[PDB]
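Engineer: Here's the letter readout for the chains.
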Amino acid sequence: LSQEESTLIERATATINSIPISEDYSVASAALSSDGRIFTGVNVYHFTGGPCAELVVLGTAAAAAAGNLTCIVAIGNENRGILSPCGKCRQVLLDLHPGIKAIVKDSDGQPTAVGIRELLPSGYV
Amino acid sequence: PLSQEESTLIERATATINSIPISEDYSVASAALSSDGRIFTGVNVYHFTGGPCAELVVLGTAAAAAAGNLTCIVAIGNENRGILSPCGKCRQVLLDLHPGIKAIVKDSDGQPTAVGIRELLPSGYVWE
Amino acid sequence: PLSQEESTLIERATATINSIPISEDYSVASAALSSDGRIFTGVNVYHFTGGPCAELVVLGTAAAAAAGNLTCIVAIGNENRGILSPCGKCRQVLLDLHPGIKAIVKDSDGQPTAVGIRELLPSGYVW
Amino acid sequence: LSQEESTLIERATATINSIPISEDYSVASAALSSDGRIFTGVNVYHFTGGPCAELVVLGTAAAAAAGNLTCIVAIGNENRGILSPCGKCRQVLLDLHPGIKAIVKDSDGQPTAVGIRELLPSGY
Ligand SMILES: C[As](C)(=O)[O-]
Ligand SMILES: C[As](C)(=O)[O-]
Ligand SMILES: C[As](C)(=O)[O-]
Ligand SMILES: C[As](C)(=O)[O-]
Ligand SMILES: [Cl-]
Ligand SMILES: [Zn+2]
Ligand SMILES: [Zn+2]
Ligand SMILES: [Zn+2]
Ligand SMILES: [Zn+2]
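Those protein sequence lines, which keep their order, are chains C, B, A and D.
In short: position in the first sequence from 1, add 2, done, that's the entry's author numbering.
In short: position in the second sequence from 1, add 1, done, that's the entry's author numbering.
In short: position in the third sequence from 1, add 1, done, that's the entry's author numbering.
In short: position in the fourth sequence from 1, add 2, done, that's the entry's author numbering.
Worth flagging that the hints you see were computed from the coordinates, not collected in a lab.
Ideal Cβ placement from N, Cα and C applies to all residues, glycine included.
It is possible that part of the hints are untrue.
Said to hold, decoys possible - Some chain D residues near chain B, calculated using beta-carbon distances under 10 Å:
(1) 48
(2) 50
(3) 51
(4) 52
(5) 54
(6) 88
(7) 89
(8) 90
(9) 91
(10) 126
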């Protein structure tokens, strides 16, 4: 991982570890913008489709007029570490920030940043 | 009429949606008040898979800050649409996660008014 | 009191959920009535990404049958939970796609009653 | 594809072509259960997360106590043909029917059945 990738992991980790343990708010995300800012958020769990942390990040970035996001990561509570984006988040990320990379674990459990398109092969169009 | 703090929510959400490019994806801003005095903002993320409304982005932003219970929320539309009542999905999430919250809606006169979330979902479904 | 058709909806949704294995993923059934008199049923698909409630599965089932306008809907929970009021998300989709629809809910005395969808979303969201 | 798989495409195509053209009801899906039954459905578009056709199929199959679904396909209206499942559907399919395959188009535009895990690499 690059310096900025490690930094996103640290920011997301600090975010989730800094709030009370909760079944409603259990994952944090951090993303980097092309204009030199970092946005965080936590999920809102709900059966009607409450947003993942990544989507909260996207809305937070949009509220700040941070156009292009270039890298994103999700970190689970209780020291779970890096979580790969769920399929819903992958679709929203592909559609709204097609240039973005997401930090996921490789087969060795080692963090790596992968282009969003690679996380949705034979993508829906 | 509205309390001072309630008016501040309308101001803040109006500033937010007037501070971002006009967009079909990012078209509504929201602001909520915590019992701790802080205000949290958010903009929606439109998507057919169920991208969050602005209110849900606010909820996640407040949660990220370990906010004290939220007491009031408002949504403000782009293109100068003004106050928008929360959609049914947002109403359900607010009822379930912040049952004490009020939402700012327009009365009969088009005048801002704070209403308990329960009033916005009569015979409310209870997520157990 | 409910019409014959409305009672039939309750019976059909109840039969549907009672007929399947108890499950955390599939835990509510719904039945709706179309203006032409047909009945469509469905069960929910629970998922954190926003899997559909039974009502929405019923909407897609009716749509697959070119059912047109739906006039009444009800949801019934598993394990003899009985009538459940539609959640806020279902209310919004129902109002938007079938504005003429009523939902069966329990009134303040616990008695089934058919209510216009608009009444279930006061000061509703309009674009 | 196998003949059972080809039938899914036929059934989903018939379903979407049988209904009035609509912006709300625009995709049909068909799935095969382990015992050979076929279940169909159409989407319900809504900004709050109305279900894709696949999820309607999942609830339809569940209503019939179908158990495991082994194959699924989505067909777009207006002769759009096979549509790869979106990321949301991929996630639900993975979680509720991990043994399932989805029919997608290959490089030559020809139908191919792919395991759901391959459609969500490094899957959550
Ligand atoms: C890694 As996730 C559950 O926030 O899509
Ligand atoms: C007023 As709304 C579309 O953010 O629920
Ligand atoms: C009564 As319901 C959880 O199907 O909206
Ligand atoms: C191919 As789709 C829009 O039903 O996931
Ligand atoms: Cl959703
Ligand atoms: Zn996600
Ligand atoms: Zn909403
Ligand atoms: Zn519902
Ligand atoms: Zn889909």
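Engineer: With chain B as the partner, please determine if residue 50 (chain D) meets the hint condition of a C-beta pair closer than 10 Å.
Structural biologist: Result: holds, 4 Å to nearest chain B Cβ.
Engineer: Does residue 88 (chain D) hold up as a contact with chain B if the rule is Cβ-Cβ below 10 Å?
Structural biologist: holds, 6 Å
Engineer: Does residue 52 (chain D) pass the interface check with chain B, least Cβ-Cβ distance below 10 Å?
Structural biologist: At 8 Å from the nearest chain B Cβ, residue 52 (chain D) passes the 10 Å test, so the hint holds.
Engineer: Per the CB criterion, is residue 51 (chain D) less than 10 Å away from chain B?
Structural biologist: holds, 2 Å
Engineer: Verify the interface restraint on residue 90 (chain D): the C-beta must sit less than 10 Å from at least one C-beta of chain B.
Structural biologist: Check passed: Cβ of residue 90 (chain D) comes within 4 Å of chain B, closer than 10 Å.
Engineer: Please check whether residue 126 (chain D) passes as an interface residue: C-beta within 10 Å of a C-beta belonging to chain B.
Structural biologist: This hint is violated: residue 126 (chain D) lies away from chain B, its Cβ roughly 14 Å from the closest one there, beyond 10 Å.
Engineer: At a threshold of 10 Å, is the proposed contact between residue 54 (chain D) and chain B supported by beta-carbon distances?
Structural biologist: At 8 Å from the nearest chain B Cβ, residue 54 (chain D) passes the 10 Å test, so the hint holds.
Engineer: Under the criterion of a CB-CB separation shorter than 10 Å, is residue 48 (chain D) in contact with chain B as hinted?
Structural biologist: Holds: closest Cβ of chain B sits about 8 Å from residue 48 (chain D), inside 10 Å.
Engineer: Let me know if the C-beta of residue 89 (chain D) comes in closer than 10 Å to any C-beta of chain B, holds or violated.
Structural biologist: Because about 7 Å separates residue 89 (chain D) from the closest Cβ in chain B, which is inside the 10 Å limit, the hint holds.
Engineer: Using Cβ atoms only, decide whether residue 91 (chain D) comes closer than 10 Å to chain B, and label the hint accordingly.
Structural biologist: Holds: closest Cβ of chain B sits about 8 Å from residue 91 (chain D), inside 10 Å.
Against the hints set out earlier in the document, a violation occurs for number 10 only.
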